[PDB]
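Required output: the full structure, derived from the provided sequences and hints.
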Amino acid sequence: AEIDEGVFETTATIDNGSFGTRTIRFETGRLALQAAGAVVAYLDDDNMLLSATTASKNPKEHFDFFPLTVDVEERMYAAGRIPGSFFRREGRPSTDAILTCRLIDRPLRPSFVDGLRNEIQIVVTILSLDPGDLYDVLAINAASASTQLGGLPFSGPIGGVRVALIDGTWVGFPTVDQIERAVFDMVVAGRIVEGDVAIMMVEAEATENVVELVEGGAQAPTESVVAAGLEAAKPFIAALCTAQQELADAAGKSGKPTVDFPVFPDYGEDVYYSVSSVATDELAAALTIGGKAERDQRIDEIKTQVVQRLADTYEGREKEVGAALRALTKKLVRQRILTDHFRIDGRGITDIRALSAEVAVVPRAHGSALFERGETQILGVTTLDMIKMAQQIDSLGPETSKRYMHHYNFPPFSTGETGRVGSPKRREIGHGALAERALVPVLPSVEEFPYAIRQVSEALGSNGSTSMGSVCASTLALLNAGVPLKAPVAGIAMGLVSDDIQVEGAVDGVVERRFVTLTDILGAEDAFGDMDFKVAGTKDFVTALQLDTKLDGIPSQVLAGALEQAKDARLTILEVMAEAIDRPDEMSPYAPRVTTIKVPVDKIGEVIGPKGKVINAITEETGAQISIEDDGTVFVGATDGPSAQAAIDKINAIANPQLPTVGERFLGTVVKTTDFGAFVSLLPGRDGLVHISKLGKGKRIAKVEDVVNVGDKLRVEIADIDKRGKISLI
Amino acid sequence: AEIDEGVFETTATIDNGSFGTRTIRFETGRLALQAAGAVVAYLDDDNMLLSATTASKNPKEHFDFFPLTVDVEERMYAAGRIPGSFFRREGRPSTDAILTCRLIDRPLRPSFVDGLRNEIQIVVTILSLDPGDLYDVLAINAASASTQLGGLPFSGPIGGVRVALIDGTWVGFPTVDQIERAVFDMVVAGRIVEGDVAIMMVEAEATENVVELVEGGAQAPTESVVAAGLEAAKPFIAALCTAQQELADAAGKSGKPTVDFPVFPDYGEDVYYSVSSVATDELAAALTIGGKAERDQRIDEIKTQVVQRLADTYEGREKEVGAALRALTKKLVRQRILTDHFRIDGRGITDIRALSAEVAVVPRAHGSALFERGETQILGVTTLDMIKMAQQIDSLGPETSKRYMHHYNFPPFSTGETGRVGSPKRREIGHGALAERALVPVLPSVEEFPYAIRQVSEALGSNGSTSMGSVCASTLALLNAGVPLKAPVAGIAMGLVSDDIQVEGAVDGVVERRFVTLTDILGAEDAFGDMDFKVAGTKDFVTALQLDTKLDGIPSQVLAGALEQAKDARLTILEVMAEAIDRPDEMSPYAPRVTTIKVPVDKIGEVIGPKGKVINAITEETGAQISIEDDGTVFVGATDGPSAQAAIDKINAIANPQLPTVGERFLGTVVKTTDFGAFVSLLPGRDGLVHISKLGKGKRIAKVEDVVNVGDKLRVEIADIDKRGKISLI
Amino acid sequence: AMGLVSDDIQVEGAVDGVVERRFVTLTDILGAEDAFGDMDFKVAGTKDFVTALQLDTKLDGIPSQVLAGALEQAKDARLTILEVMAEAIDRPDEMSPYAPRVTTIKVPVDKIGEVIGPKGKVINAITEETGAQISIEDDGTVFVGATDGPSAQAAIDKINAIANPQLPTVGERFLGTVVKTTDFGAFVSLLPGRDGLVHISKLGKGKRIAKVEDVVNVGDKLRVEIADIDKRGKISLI
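Protein chains in written order, with my numbering: chain A, 1 to 730; chain B, 1001 to 1730; chain C, 2001 to 2238.
Derived by calculation from the structure, the hints in this document are not laboratory data. No residue lacks a Cβ here, since even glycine has one placed at the ideal position from N, Cα and C. Only true hints are included.
Computed list of chain B residues with no C-beta within reach of chain A, every gap over 12 Å: (1) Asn1016; (2) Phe1154; (3) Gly1255; (4) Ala1279; (5) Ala1284; (6) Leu1328; (7) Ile1344; (8) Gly1348; (9) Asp1540; (10) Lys1567; (11) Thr1595; (12) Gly1668.
Here are the simulated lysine-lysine pairs, DSS-like style, with alpha carbons at most 30 Å apart: (13) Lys1723(B) with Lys2180(C); (14) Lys402(A) with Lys1388(B); (15) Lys2042(C) with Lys2075(C); (16) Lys2119(C) with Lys2180(C); (17) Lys611(A) with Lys1613(B).
Have a look at this one:
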């Protein structure tokens, strides 16, 4: 066992009520000795991931941001399988790997000492994944433990758990079974400070059967239930963080940092003091008028005047004074928004910016959308095709066949600046994943609507948040394409500014926490904002959330009000949508007309046979571009409507030995006809059953050469064909 | 022939005894006129490669190493075939191309003028490759000729041949047939200096059936036969290098270079004199204590004092100072490892550094290994799967279907420095290929153990040599995986330094040639070493070897002793290794439990025709999807223990039932009937036949139902036992 | 490739203006000539008709009268290089044995369905047993292939010995042996993938059958003779 010193193990016990108990263990020191921090993780004792963070000794100069680059080596051998690629090796990390990478990276950057320059990378390699489990929460927990153990400057460990509303109860670290049983899952990452846990980050979800459960008996996910879920997630985070700190202080490390890290602040305190003291009041006075027409030009001219005024004094320093002006205008806009609460546009705080939506723009495509909310412009397009082609990833997760894949784009010409175009970055994948995760539950079932949907959310220009516009374009396109949505979906971005300055407060202690939740966020608004939710859902139940608290948010009182404002914005957006388009439109004939049919499973051997030919010939000659389906039950389709109907008739005629019903005719492949009998060579192995006396009128033949006379008028017609499957007359 | 004025050609003849003679020819000037070097190569007038070397005129400053970038354009059209990729074009060079790239790049860097910075690239393209031939040795020979002809600063031409021991005889440049017949194939590359050949590189091998040949009558490949192979390869190298030299000096070139090359010495001569003078004997005396604790403190003390007596004196020159310190340090440690006969560890030379091994670490995977030799900690995991999926590369080489693929990993957090994780570099591929080539001979055959083995050698912190640890972890993962290895195999890196020192001699200079063979290598040890083997083999016969002599090694007396030291090291490894685990373990349930069965090929098309369907559907309804392969092997997905056991049981009881006996009662049914008879399908392996004439008990029978009415029991009765053993139903 | 330079200069003329547009079309281009050139064609074609062009006017070219002459110069150079061609090689050479000699045949759709049909595992079995890969489409064309030239002659031999047996001459008889028979008929592999029938007229060679068990036994002697063979690859027995 642990006979040697250096392998420090701990436990993280979670009850999860009466739905089973799972244990989480962190063991350090046995592996990856050289890396600064080598914690591993255990769930149920059948899950194993190893985390490691390594600090570059040589500091970086040309960098100006924090170069924290996280990555997950999602090795294929954790489950008992071999990669299916042409090279038999894991390639570039898949979509789920990049999603988990963004999941781990997001609640780590704010919790770092400002202005760190030495390159820091966190590696989380997967080693064993039981089926039905997700490698998200314990991965981020392990990474937090790893960066904690290494002695890096870190503001305490962060825990991460998944909760799920299953039958009115929340469970931690659920498996796929309860995830299907539950109606609403979210990940929650947080840190405890001063004895209270603060929700650093939460990424929500709606399952693939939430509508059925809500109709079948459940509670509609709303602000109350998500608040309850946060409350239920708090104790699990507390337990995880306590376990992490027990591990950290057990090793005797994470106390005094033996290795110091040179910090690179953007601006000095002296230049800050000088700039603020020389330009504290005139800039505020010029801002307070808010001309809304030339106020911007006035503020630029103040920046120019101040920078020429204090650029002669100090030579060779340019960026720091710009950052100092940024911080100045920062403090002024926050005090202004906490005292009189004006937005950059100058209008109210509880009203959405002007918007407009158009439908049926792209001519040939099966759908279109021009959701044009203010400056943000998003174009969405559907492309319906046969269930033959769809997302078919292979990875450690249990997901195998994605019917609905939601691509995305951030072309450089949209933002207003140049840049290379090619493989999308991680932000693109994250936003597209959020859009798909938000729009999945309302999409219809497979059986009612057997089709493959692909949605591309082109971004034709964007100022701030742009994923919600992508969701709106996606729903517009889905209704225009003919997909029978259960309920149109919509999204909106929700900001919030904290209270850093009180009312005067020289002798009076009062905290006017005027938690202004701005109805929408601009790029500058997100720059000087402190909070963001970006919720999205239908009229009744939310679908996605993304909260990225910097620190010590914990409103616990106005979160309901912010959710209510988001809900009001969502209903306004949906009302404008309904004024634009309301009901699922008729399906446009340019799409392939695939009509489902029902056949017995054992009868497929007669329908398709041993993967036979002639199917491609009929595809070329008529347009029956159907191929071998994985499910077996074949749904043939054709692009043109009349062609689709003709295909239905001819395949229904050729594939089956159809009963001689009323008006039934036989149209097969007649290659040979002879007079010494008859043969139906439909498919090898089996032959069409015939009756000897119903064809020969109860008379036999002796010879073919002499007996068969030239002149035999064959007035032979079948009278009755029964379904017994044998030959017997009276 | 001389078919042009200015095109010079020559020959390279080899006897190869009675196993055929293959002429080798190089002709220059006919192709690639513009590049500085235009050598092409011929083997048996049916193999063609063209080698070119181009020197960049503009010097490179920011570079500090030698930027010799070599690459082989393994053009797919050398054989008569088209690339099978989605774009019909050769993509990134395949594994064998990278292997040849490392094969050529390895014994060229030492044979260059020190401190060269001008970019030099060698391109070796393929044009024709007869099947059964390997494009390795003539490629490096042609590249050597190309670099010699171009007038580049070069030590001298190098020759390389592939020599294989067959039936006690060595044959150079063999085809695949003799290679399969042979038991040991070696590629030797070296130059000739002062009239004597010097072996500059060796890369050994063991064939795919070496053990069966050696047990069928042969000699076990040992140290003596390795020395014999080196001796037999010497004349071929001599002849090849002679041909290269006559080709070069025939052109009138390769004497005084018209084009000169400016060099960038690492450290200056004067700074070397200064550093030596200030730290001649003080540094030696300080290091003589061998404290091994504060040595870093005192060398940094020397560094700071060197700063304060030279950096003020000489400014703008800092890196070459440190180069001087490290060169002088390597000089002292070399002379001391000669005189005092001790290494960095401080203990005996013929002593293996501490080690430990563990088994069954990764829970879910089919195997594991924690070979933890000192600092270099390595991990290995097996993953058994079906034959249908495996490596199926297409290239010029005759290898098509690879069963055992041995991946490798060098994650950045291992060494303790940051890095970019993604596509592996050339060193990763080279080490992984060496490991796979060392392990392949002992792995069992297809028929006894039909499985697809894929193993990854994760590196969890490595200091110096790490491929041998990968091989050890490989044999552990295979042993724990359940595959019956013929004999476990390991290997230990072998170090050795030359002797520039003398026996005292205050006035004369003598030769004291005590070749101390370091039995383990650290990174610094190989940095200031001159000899490294990395041998690996079982108790009886070696499998791999990698010799990389710096220059003028030619021991010829102690190579056997060093190999015996390696033999003792690997015997100690294997003893501890068996102390860890000895015999192949029982097969783990999580693996796909495949059984072995045989079927008539001609008879599959009657009842086994469905194959891809029907059976899969029913066994998925019963909960075990089976991917039955056409070869007869039962490829079934065996995930759960009880499920897998029931699956293999039903399969064994359904596909190969115990052969029927007289008196067995089973109730079958007929499904097909026509005018020419009826097919009876009861069991595979015997197609029973029935008729209607015998159904009348030796009397004419027009109808059957007329005799039997309701209430009669159709008990299967043994009416009579005839000598023919043929009966009919009732 | 044809390259020309525009005459931006006049004949002296400090004040005189003469349009002496010496549009010199350089018949061959070097790298430096392209660098300081002003016109690129890269025209290519056969003796009769051109195929490709690539025009790269820098600025204000519009010759409209000397492009014809440039094309004639290109045609002359093309004819010269094609004469050098003809001196080098003239007619398509012999089809090299090393490359895969694939020979095609044309048969109707009915022949395809009988021989292979739905492309089951029989195609793979034939490929493994002989070494010939066959790609068949129902568009009317029949591609039958084998990589090696010897494999190709083996494949054509099997096709023209199974589908198209040679018609025997007068006086020759062939004696064959069967490995397993039946009573319903013979499982002779005249057409793969299909089993025929033997009529009641020729079962007894003109003899009626009276008793099944008492007289007729299993293991009797039966001879088969060909009636007629067509060139369509059929074996019609009546």
